[PDB]
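Removed from the display is one protein chain of the complex; every other protein chain stays in position.
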Amino acid sequence: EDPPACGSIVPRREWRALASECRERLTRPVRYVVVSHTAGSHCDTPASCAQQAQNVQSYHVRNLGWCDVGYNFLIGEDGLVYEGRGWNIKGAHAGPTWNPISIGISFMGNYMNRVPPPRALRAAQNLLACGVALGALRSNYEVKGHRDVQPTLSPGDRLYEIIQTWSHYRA
Amino acid sequence: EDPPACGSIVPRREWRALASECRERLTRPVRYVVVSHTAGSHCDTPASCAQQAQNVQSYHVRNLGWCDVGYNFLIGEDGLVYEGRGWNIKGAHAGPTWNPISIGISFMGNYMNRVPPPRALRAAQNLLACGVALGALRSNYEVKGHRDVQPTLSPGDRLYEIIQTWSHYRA
Amino acid sequence: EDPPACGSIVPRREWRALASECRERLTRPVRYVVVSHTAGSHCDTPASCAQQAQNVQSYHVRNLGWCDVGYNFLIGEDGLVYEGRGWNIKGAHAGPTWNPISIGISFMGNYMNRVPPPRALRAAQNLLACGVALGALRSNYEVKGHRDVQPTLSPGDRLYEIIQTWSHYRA
Partner (left out) sequence: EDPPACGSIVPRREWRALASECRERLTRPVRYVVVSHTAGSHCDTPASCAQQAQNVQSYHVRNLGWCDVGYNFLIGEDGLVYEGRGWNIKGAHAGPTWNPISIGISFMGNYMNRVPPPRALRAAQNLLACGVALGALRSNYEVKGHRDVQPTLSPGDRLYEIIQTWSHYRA
């Protein structure tokens, strides 16, 4: 009811999200951040990215029968962050070992032979800083790529090589 | 001064801004924020908006012969903030009494019979909070419409009505 | 480990409060708390403090023509808390800038050269914990002395000296 949130996050409802049914709660301040890719289509406008966020949530809900879109946050090439399960709900993007001790953010697209535009890298880094600000992440939070906690090509070769340059990257 | 380099802002070179020739400085921290519209063409995608920002800087530099685009920041319906003279440099958006003491942000479009989309208002509000965090703005800063401090329709009847409900708005 | 787990508050009706005509609401969770004193006399019994809360209300309603007593809560030296406008209604105790974003608590009396008794300070700290427990105050809310946001000697030299030692005081 006062000014909106840091990181300018597109709220669940704005991208016509089916309502969440998840209950497990994340014990924030959380240690880790896991960067992955959706391996779906990429989009570069808010109209094309609201549609894509909807589509990723629907594959997770209708087909895998999950309680909500598996990722805590989604990032579109349009340069905006899309609210997934948010800062407080356990995710479903990294396995039983990690989901409980991580926030999962996922870049919408396949980044094996492509890179996300700087604005998508920007929205991401800012979403992470707006994390501690709120007090959802720990000050010295570590960033792991998907393929560092699980056997998978995610987040793609090109994007995986960028996030290693990030200051908080590890292992 | 302080760590939290804040929010996402599309940089000058990305929107392909002509090099600025401005040198007068504002004194940190700034008390006032004047909100305006460009009464120009609107845009809803990262690509279309960079073009628009460029057109605005162009009309300003090339035809009005100012040192740079007149606004400190522009705001696109694409939901992204565009850098202008930035936080440190005196803009040219509100006349001689106000340009020396304010930060002028301008929504790109004609908000007479249209409100800007939610994401636009969010970036706009988000940018100000970042201003505060950086120390560019006063914690108790004040938001003013363009029409409050100059004879004009700017920033549109619709968006003027909207900014009136901002907690930092003082008439 | 369940619903109403906090504090003891003398309700409006129990102190004969005149009906409230205020309706504007605070946005929970509220981040700020402003500590004042009534600067008038004190009281140290259910009936005297209940009589006084009524005066302070009379002064604000009849003499000042206000919709309800200015404070969200008043603290008696009888060690009880008097429900003022409460947790959810914007008070009038700190100006147009702080009233909308804070909870105003007034200790009944004058503490320029006098401290409130141990139990009035417990009542007030206990009220705060209760505000957090309920999600009416941010877990990391801030305490401000009235003289820190308005020109006044309120809350009196001595009480002002005490609130500054508080875990939640931010100067």
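Letters A, B and C name the chains as they come in the text, with residue numbers starting at 1 for each one.
Here is the rule we use: contacts are C-beta pairs under 8 Å (C-beta built on N, C-alpha and C of every residue); 3 or more make two chains touch, one makes a residue touch a chain.
Within the whole complex, the absent chain has one touching residue among C:3, C:4 or C:96, and that is C:96. Considering the whole complex, the residue from C:17, C:43 or C:149 that touches the absent chain is C:149.
Touching the chain that is not shown, out of B:140, B:164 or B:167: B:140 (per the contact rule at the top).
In the complete complex, the hidden chain is touched by one of B:16, B:25 or B:31, namely B:31. Counting over the whole complex, chain B has residues 31, 97, 101, 138-140, 170 touching the chain that is not drawn.
Touching the omitted chain from chain C are residues 38-40, 59-60, 63-64, 70, 95-96, 148-153.
Here is the rule we go by: only the chains that are shown with their structure count from here on.
The distance from the centre of chain B to the centre of chain C, with each centre set as the mean of the Cα atoms, comes to 40 Å.
Remark: chain A and chain B have CA centroids separated by 29 Å (rounded to whole angstrom). For the pair chain A and chain C, the distance between mean C-alpha positions equals 42 Å.
Touching two or more other chains at once are residues 101 of chain C.
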